[PDB]
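This document opens with one chain alone, in structure tokens, the form solved without this ligand.
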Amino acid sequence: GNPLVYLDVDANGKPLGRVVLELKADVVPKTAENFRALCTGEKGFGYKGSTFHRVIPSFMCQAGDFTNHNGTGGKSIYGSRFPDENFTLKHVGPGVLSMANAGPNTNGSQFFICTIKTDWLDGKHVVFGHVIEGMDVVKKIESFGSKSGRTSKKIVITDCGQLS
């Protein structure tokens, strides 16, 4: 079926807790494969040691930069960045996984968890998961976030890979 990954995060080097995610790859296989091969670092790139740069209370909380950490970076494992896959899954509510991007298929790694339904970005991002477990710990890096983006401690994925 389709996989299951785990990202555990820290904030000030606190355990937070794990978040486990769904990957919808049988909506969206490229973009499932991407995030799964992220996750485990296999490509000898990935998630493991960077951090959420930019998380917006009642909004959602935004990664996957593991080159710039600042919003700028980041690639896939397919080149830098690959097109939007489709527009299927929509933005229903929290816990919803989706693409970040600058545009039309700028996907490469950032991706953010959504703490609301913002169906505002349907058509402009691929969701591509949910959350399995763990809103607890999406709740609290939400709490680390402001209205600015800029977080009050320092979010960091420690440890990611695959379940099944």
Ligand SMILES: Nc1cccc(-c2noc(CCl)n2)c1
Second form
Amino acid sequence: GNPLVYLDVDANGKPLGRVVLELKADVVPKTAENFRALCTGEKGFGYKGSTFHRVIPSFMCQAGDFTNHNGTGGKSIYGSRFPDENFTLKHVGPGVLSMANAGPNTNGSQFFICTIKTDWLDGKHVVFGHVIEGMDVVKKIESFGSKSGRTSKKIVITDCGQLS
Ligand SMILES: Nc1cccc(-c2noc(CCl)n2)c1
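The form deposited with this ligand bound, contrasted with the form solved without this ligand above:
Time for the whole complex; same chain goes first.
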């Protein structure tokens, strides 16, 4: 079946807990596979040790820039960037996992977890999974953001990987 993966997240060096994500490989296999492999680190790089660098309350929590840690970087397991696979899944509500980008066909490693329905992103960002467990952790992360996206605590993915 679809992969289940996890992010264990600290805020200011203390654990918040675990976010478990289902990756919809049935719908977006290329996009799911990228994220899965970046969680395991099996290609020699990935999310371990990287941060949630941009967090906006009542919108989303963004992470995955493991090269520049500021929203300008990251890379996929395929090369620096890869195409939008499809827009079949929609940003339906809190818990949606979706690819950040810099315009059409610029997926890399950055992603975000929505804390509200973000319908205006439909057809622009590739949705590829959702939170199975750990929305409490997501809400904590969310509570450390700001209108500008600047975080008030250092939010680190200390560990990550594949469950199934
Ligand atoms: N994948 C992704 C998501 C958000 C921003 C970016 C991005 N911004 O600047 C650059 C320099 Cl190449 N990349 C890339």
